[PDB]
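Reading through the structure tokens given below for one structure.
For this view, one protein chain was removed and the others were kept in their places.
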Amino acid sequence: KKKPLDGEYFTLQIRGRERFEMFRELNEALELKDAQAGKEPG
Amino acid sequence: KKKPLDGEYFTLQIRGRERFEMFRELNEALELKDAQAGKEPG
Amino acid sequence: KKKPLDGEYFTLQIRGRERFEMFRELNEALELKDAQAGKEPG
Partner (left out) sequence: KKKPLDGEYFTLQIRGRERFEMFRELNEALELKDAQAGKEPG
């Protein structure tokens, strides 16, 4: 549960708060799939 | 001319370099439309 | 059980097979969140 090296770590400047929330949504979307990857297929 | 009065300015931490390049592409996509918004009609 | 009362149903023509696979990935991303929405809290 959480330990050695995680994935790399970059950043991105998003101008405008409106579109900002839009990108954040896609961010959690991809990160969610990653959590389903190391999960037993069952 | 130009003026520092741009929209707000936020940021986002994108883990993984692979997924990073993916988000960056979408960023330039929306920003491109913004440049076409201030384009005088014809 | 299930019931055909799903949300609306539209479509989108994606030219290019390369870009096609890219959009399809985002589709499953949002749909995944929907499945977590009806997940009873705990």
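Lettered A, B and C in written order, each chain numbered from 1.
We take it that a residue touches a chain if its C-beta (ideal position, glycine included) is under 8 Å from a C-beta of that chain, and two chains touch if they have at least 3 such contacts.
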For the chain not depicted, the shown chains it touches: B, C
Touching residues (missing chain, whole complex) on chain C: 6-17, 19-20, 22-24, 26-27, 30-31
Residue ranges of chain B at the interface with the undisplayed chain: 26, 28-30, 32-33, 36
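Please note the rule applied: only the chains that are shown with their structure count from here on.
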Interchain centroid distance [CA atoms averaged], chain A/chain B, Å: 19
CA centroid of chain B to CA centroid of chain C, Å: 25
